[PDB]
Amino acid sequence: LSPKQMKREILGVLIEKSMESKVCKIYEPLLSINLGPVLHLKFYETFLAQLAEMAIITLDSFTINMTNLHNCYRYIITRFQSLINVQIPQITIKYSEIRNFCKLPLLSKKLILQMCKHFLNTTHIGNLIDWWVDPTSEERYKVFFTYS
């Protein structure tokens, strides 16, 4: 598990916790990851602060508020569900689009791509069977879809 790979792990858990409820206890992601020490506290705390610095979550003494995370991931679901049902081969998206639509200017490219990959890795709906994400421009990425 590289540090990037671990960050994506935490992010994935947060994404799923946020679809269940917009707040959870700060230790819960740490708890579940250390059962599926695998994850040291200092690393976890640091990554949380970085997501808070991008305003996609906010941290309290005992809770993670994931409102923006839930909202932004809902946009991605809605956007990508809508692409699968038209069965588009490929699409090109500006990082600025997710940022503007969600009103989250500080979202990084890395975070945006990891949320999109989390959705495609997790979606069941549609005749989708393969996908690929290609970060092309500094302002754009492309997604390729496969239908059966």
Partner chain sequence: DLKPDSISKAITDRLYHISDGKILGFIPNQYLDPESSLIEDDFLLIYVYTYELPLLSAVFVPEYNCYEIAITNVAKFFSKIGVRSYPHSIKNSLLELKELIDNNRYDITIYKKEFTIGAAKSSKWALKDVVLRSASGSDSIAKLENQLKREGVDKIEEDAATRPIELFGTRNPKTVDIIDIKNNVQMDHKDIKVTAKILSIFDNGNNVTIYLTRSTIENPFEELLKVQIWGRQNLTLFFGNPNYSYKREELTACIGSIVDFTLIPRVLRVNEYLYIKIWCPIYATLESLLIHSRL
Contents of the next structure:
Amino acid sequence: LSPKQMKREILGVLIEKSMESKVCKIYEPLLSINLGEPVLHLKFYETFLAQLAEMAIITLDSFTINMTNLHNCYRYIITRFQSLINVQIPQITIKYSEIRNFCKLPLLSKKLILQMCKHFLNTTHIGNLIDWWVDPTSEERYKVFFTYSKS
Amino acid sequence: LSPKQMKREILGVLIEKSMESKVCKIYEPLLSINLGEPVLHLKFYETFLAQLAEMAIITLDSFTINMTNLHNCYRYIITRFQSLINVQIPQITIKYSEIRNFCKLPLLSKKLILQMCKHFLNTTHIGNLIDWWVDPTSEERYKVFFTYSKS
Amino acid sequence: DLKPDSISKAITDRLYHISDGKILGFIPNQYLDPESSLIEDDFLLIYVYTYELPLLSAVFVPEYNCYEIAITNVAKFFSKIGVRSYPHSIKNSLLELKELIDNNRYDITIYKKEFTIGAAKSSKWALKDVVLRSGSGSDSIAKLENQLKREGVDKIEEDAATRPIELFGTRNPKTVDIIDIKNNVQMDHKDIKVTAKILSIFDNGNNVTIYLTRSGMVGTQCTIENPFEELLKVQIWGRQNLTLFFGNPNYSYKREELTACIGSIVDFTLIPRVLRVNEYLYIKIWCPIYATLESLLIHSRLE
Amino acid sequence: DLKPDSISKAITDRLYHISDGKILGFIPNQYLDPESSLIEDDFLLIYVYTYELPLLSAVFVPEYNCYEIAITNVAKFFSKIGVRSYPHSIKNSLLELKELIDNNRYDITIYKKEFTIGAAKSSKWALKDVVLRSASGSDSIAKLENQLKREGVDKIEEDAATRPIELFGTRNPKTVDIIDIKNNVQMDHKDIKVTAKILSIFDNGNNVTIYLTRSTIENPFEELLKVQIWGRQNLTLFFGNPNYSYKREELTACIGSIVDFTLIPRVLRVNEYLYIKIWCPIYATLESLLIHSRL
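Same protein, the form solved in complex with its partner chain this time rather than the form solved without its partner chain?
The next block holds the full complex; its first chain is the one shown before.
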């Protein structure tokens, strides 16, 4: 349970939540990890929420997380990548600016965009996708390679 | 007729138009002055409109004058001052920020707020108002005195 | 100049004079308390308009275009103003009060009255005397409510305080100070963020009130010199909202849990709501979105 | 990579290959120009989708998720793609063109063709050759219009270009760059502004076109914006008379002046169930441009 795999676990929980509703309680994601307390620990959890809020993918009360920007960012990733899967395109080169400009979230980092795409590629059930690979090629571009079971 | 009078003339036309309609063609106000084709002093007119738009009391097109803010601002001036006239109050002190905050117009200047109020006091038909005086006491406040024919 | 926001400039133990006032309404009443909630002393509030003041709409704002005034003895006020069924019939007495304030204007006497919220001391208007008064010329308030009586109150009732609370969906709302909220005077319909320190938090039975103050002040042992500029009252009304706030349909809690979040600094998100004070007249209030006692209490023991 | 927005990186006299392309539609057509409007060279445009590109809805956006490609010789294009009624019958030619692009896919060869807009020189994609390719997997475009045949086109026609132009009513609309407009890619519904120099304005019979620049134009994607007016009421309001009358050099008189426009998005039908997004100026009149032009 390393620090950066805790961040993967939270970010994916927030993503799944953001398709159901645009809001959730601040600690509900921490609650769904620990059953599915030390003050030093959940400081780290709130330091991560602050870093995501610094990029405007979420905003924050003392009570709730607003995942509106996450919802519309992930909806574009669904739209974009489900389109490629149904045609069964072998590979695509993608500019990071494409996702920032479509969602108007220009402070989104490379790392965060790759994690959201990776999460979808692990999540989706529709299509014949069965393997994939992501290449962080450049400052402006990344590649995604697709593999399918049928033709 | 003069530098200041053309500005007062234009500002007054805009104020009466903005009760009638929240939108009008850029040269309707200029045409309602003159006849009521070749000119060449349009630069002064356009220059004046642009200065008002710096403060966003109007917003400007090459084809259209949007007077929504002017309407919402003069409407509050009617509500505020007509009330003071109804009860025949002798004087009031008004912070410029009150009009700014209400209409969401931080860039409104002293000069325009006073000009707009003076338009209402010269125009109103409701009440026994017959004279008035505006003291620009401070940068934050201005005082307005009212004089009535009857009590 | 006596104004609804001028209690900071009022001297203690001096009587101030309201000429030709319209008593817009009062709290509690039939609309906010079905069944006759026993009207205790100090806990009856009236809302008074004077025609010097700006008329925006049937939604009025205390400390802007109307006076929030406390009644310190219900039976004296009712006797003084013309109510004849008190206290044998609590609800038939409010019927007579609605009649009197709907058809008459009054000359009112009020004073600055000191009261404590938690550990701070602040001021509020309190009614001393009321005197009957009666003139020709049309009533701007009655004109307003005759218009409302024709077109309906459905758009204002969408902002009733008992409706379930949820975000309007404002794209990236800006954090704002307490001064700016109190100057927010219209029914904007948008989410407003504010960081503030909790002064106190009362359970008034059918509603919870959270008193908020500027976050950078020493503890709570002091005096609030300008309650209009310095003190924000955020409210919660309705089964749905109170059940959600406490976590219980029974509004169950333990006494020391409310006073435990005193002093904590909270990031609230607020929306404008509305409290009905007469047949066609209302007052603006503020409510916190998805605020819960549990999350306050958790948030407190970390800080 | 060859992309619909990459012409500024393209070299002259160099052929570029679009493998496995879907010709979405073309302008003019039976939906925008009833009657056999005689099609001239360079004034036939086609719109081409490749399946690598985003697929948002039935409204495609040139330079984003489709290529806008000029036809330099209609007769060769119709001959090579399989049209058989040209130039005898314009109507049946386009009907035959519709059946061929609806059913087949093509390898397409394009090149960066230099062309003038008034005095300025710019670039545009031009078609060189088209080659039918063998049929097969599924077709997202075909799936899209199958859904479109069930559901409501009515909502899209709410943004048809001929629908009379009104201000949406956005509070204090924001001035925006041409780049930002080109990245404005869904159908937003809000008033946005732009300040730009008029390169040229063309009367095209049933529409008026206004070429705008903020800057030879090296990057037409970033620096060129085409803006159009369609419809009886919209055009009547632009000219100030219902006959679309004007003097020759009144359109010329507007070249070179910086003009502030307020735009809203509208939609142009390029096939029975497919559209492209366009921009239209709000309450524009030749009058005010002309009066402003003298300043």
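Positions refer to the first chain, counted from 1. We call the rigid core whatever largest set of C-alpha positions still superposes within 1.5 Å between the two forms. Only residues modelled in both forms are compared.
Taking the core as reference, just one block of three or more adjacent residues between the two forms has all its Cα positions offset by 2 Å or more: 37-40.
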